[PDB]
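A.B. asks: Read off the chains here:
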Amino acid sequence: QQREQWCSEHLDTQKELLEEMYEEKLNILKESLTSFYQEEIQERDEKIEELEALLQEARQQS
Amino acid sequence: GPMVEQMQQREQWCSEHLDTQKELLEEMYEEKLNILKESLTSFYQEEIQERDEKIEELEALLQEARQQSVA
Numbered sequence: 601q602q603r604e605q606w607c608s609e610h611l612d613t614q615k616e617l618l619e620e621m622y623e624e625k626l627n628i629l630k631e632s633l634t635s636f637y638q639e640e641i642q643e644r645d646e647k648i649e650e651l652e653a654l655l656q657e658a659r660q661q662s
Numbered sequence: 594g595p596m597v598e599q600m601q602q603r604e605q606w607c608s609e610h611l612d613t614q615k616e617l618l619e620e621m622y623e624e625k626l627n628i629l630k631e632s633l634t635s636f637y638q639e640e641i642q643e644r645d646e647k648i649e650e651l652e653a654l655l656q657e658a659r660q661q662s663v664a
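Residue numbers (PDB author numbering), protein chains in the order written: chain B, 601 to 662; chain A, 594 to 664.
Chain B on its own, in the form it takes in the complex:
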């Protein structure tokens, strides 16, 4: 009985700390990619705004 539960306690602690180490890695990746992609999304949103305004004008043009 006691071997399993003595080791398993160090196994629990190791897993918790390694899961934290890896979760930070995953977050750094998640944040870096999303900042890159939100920049690309923003550049496109600004072009959509420009084109929309031009359209406002062309319809009002006649």
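No wet-lab data here; the hints were simulated from the structure. Some hints here could point you the wrong way.
Calculated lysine-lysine pairs in the DSS-like style (CA-CA distance at most 27 angstroms, straight line) [stated by the list, open to error]: (1) A/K615 to B/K615; (2) A/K630 to B/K625; (3) A/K625 to B/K625; (4) B/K615 to A/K647; (5) A/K647 to B/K647; (6) B/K647 to A/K615; (7) A/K625 to B/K615; (8) B/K615 to A/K630; (9) B/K625 to A/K647; (10) A/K615 to A/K625.
Given chain B, put chain A in place with the hints provided.
C.D. replies: This is chain A only, laid out in the frame that chain B set:
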């Protein structure tokens, strides 16, 4: 003596399991990383594509509007 040996045997037995867990956890992280890269890419690609297609549609609505204004 043998009491020391029983202790060293228990310690090594556990050490080997901690090593195996360490390697298994890294594989689980690699898979979770793969899933996350794939989810984030696929999501932002769809968003980029959708916006690219709006730019093209707006460009064709603009040309149409200007054709009707000239006419």
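A.B. asks: Each hint should be assessed against the structure and marked as holding or not.
C.D. replies: Here is how each hint holds up against the structure:
A hinted pair counts as satisfied when its Cα atoms are at most 27 angstroms apart, and A/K615 with B/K615 qualifies at roughly 8 angstroms. Distance hint between A/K630 and B/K625 is fulfilled; the C-alpha atoms sit about 12 angstroms from each other, no more than 27 angstroms. Between A/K625 and B/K625, the direct Cα distance comes to roughly 11 angstroms. Compliance with the 27 angstroms bound is thereby established for this hinted pair. For a cut-off of 27 angstroms, the pair hint linking B/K615 to A/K647 is broken: about 47 angstroms separates their Cα positions.
Our distance criterion of 27 angstroms between C-alpha atoms is met by A/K647 and B/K647, whose separation comes to about 10 angstroms. A threshold of 27 angstroms between alpha carbons decides the hint, and for B/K647 with A/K615 the separation of about 49 angstroms lies outside it, so the pair is violated. This hinted pair checks out: A/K625 and B/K615 have alpha carbons roughly 15 angstroms apart, not beyond 27 angstroms. Restraint check for B/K615 and A/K630: the C-alpha separation of about 23 angstroms stays at or below 27 angstroms, so the hint holds.
At roughly 35 angstroms between alpha-carbon atoms, B/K625 and A/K647 are farther apart than 27 angstroms, so this suggested pair is violated. A distance of roughly 15 angstroms separates the Cα atoms of A/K615 and A/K625; the hinted pair therefore holds under the 27 angstroms criterion.
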